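Here you get one chain, nothing else, as C-alpha cells; it is the form solved in complex with the ligand.
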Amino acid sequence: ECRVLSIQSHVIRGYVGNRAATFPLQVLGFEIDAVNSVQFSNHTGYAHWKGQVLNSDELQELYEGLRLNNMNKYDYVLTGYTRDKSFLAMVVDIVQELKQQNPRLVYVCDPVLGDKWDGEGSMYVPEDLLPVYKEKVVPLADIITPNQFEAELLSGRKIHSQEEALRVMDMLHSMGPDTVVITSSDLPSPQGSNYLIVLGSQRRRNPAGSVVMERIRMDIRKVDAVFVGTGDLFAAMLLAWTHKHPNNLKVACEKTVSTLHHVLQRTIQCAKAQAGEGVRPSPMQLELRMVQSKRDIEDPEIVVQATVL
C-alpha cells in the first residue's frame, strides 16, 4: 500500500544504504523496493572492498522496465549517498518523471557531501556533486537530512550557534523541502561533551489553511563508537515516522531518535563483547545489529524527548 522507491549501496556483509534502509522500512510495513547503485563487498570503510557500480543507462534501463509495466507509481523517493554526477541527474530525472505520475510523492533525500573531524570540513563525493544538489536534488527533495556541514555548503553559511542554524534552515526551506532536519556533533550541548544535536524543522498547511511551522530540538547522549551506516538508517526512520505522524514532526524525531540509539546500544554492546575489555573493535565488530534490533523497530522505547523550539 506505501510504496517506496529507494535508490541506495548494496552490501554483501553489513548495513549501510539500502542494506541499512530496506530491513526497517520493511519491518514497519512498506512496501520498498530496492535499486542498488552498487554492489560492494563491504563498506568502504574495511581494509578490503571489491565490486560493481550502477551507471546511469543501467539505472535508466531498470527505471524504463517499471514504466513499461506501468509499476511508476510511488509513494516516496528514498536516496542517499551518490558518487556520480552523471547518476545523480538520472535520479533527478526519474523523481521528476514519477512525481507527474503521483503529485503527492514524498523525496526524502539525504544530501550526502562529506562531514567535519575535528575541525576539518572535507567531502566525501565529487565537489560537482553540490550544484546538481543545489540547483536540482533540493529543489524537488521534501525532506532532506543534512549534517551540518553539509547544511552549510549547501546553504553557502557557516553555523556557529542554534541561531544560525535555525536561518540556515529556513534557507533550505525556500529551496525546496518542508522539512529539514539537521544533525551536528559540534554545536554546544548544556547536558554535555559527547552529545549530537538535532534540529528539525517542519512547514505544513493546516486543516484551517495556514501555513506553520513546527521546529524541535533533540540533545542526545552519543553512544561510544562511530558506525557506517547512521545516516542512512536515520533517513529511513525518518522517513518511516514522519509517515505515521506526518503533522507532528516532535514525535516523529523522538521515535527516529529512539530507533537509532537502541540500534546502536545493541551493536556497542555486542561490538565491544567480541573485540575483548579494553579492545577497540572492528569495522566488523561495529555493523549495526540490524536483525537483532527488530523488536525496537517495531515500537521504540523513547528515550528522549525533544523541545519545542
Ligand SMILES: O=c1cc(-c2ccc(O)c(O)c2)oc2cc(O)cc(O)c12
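Rigid core here is just the name for the largest C-alpha set that superposes within 1.5 Å across the two forms. Numbering follows the first chain given and starts at 1. Compared with the form solved without the ligand:
- Core-superposed comparison between these two forms: among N206, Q191, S122, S161, the single residue whose C-alpha moves by 2 Å or more is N206.
- Shown in the overlay between these two forms, fitted on the rigid core, is a CA shift at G65 smaller than 2 Å.
- Once both forms are overlaid on the rigid core, the distance between the two CA positions of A275 between these two forms is 2 angstroms or more.
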Second form
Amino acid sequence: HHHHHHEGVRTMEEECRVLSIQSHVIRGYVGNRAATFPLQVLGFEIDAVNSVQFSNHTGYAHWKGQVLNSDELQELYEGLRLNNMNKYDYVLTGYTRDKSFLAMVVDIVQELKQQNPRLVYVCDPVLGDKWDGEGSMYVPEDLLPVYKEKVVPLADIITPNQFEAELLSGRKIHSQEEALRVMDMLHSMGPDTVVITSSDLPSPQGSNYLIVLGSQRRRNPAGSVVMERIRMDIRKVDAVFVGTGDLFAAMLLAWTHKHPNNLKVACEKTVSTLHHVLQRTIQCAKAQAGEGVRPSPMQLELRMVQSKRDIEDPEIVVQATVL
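Having seen the form solved in complex with the ligand, could you now give me the structure of the form solved without the ligand?
A single chain, with no partners or molecules, comes next.
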C-alpha cells in the first residue's frame, strides 16, 4: 500500500540547525560560501554568521571588505537570544584571525552548549600548515593558547592537519604510529572524533598519493570506552585549491550526522565528495587561459554549483582500511 507513504510528505522531519560562523566573500567559494550549498543540498537547516565579507578571498592579490568583530557577533547572537532562536544542533567553526572574536565564538559555543548539552561543535583549527616543506602558522602568535584551552576542550570534532594536529598535542609526528598517538593525545583535550586532514607521512602508493587518518572514541558503553579508527590515501589532485579546507569539515559533518558511529563510510563519502568537486574544478581551470600554462585562483576556483548532482550523493572514488 505505497499510498500512505506519500502523506508522509506532510510530516515534521528533523531540523538540523547548523550555526556556521565563518567568512563570506562575494566572488568565489571559501568558508561559509563553501560550507552552505553542500550542507543545504543535503537537507541541513544551516544558518550563516559572517566573520568577514571580502569581495573575494585572500588568495588573490587584492581584497576589500569588512571583518565582523567580537562586539558585533555579540549583538548578532543576542538578537537571536531575544526572539529565542538561539538553539542549534551543530555549531561549525573555522579560520579566524582575531583573538577576541575567538573567545566570543567560544562563549556562544559555550552558552549554546549550556542551552543545549547535546550540541555538536565541529571544530576545525585555523592554525596553519606547510607549503615549501617548512611549516608556518597562518594567524596571530597567540591564537593557539586560545585554541588549546578554550576551543578544543569545547569541541566535539576537530579536523587538524599534520602541522596543527601536532600543535594541539605538544608532541610531533614522524610516522604513521604517531599520528594515531597524537590523535590519542587530542581526545584528552576533548574532541571525540579526530581526523588529520593532510600530512606528509608516506603511504604504500607514493608521496603524490597523500593520506588521511582518524580516530573516534565514545566511553558511552555501559562500562568503559570503545574506539574505532580508519585511514586512507588519495592521489594528490596536483592543482592548488582554496576553500577545500572549509568544505571538508562541512561534509565531514553531514555524512557524520547522517550515519552511525563509523568514520569509515562516513569519512569515505566525505573525503570522496571533495573529489567529485576538485576534478570538475581542475578540468575547467585549463578550459580557458592560453592553451599553454598553469592557472590562477580565478581560473581555479571551486566549481561548487555544478557539483550539486554529485554532492547529493558521491560515487566513492577512494577506499579505506580498518584498524
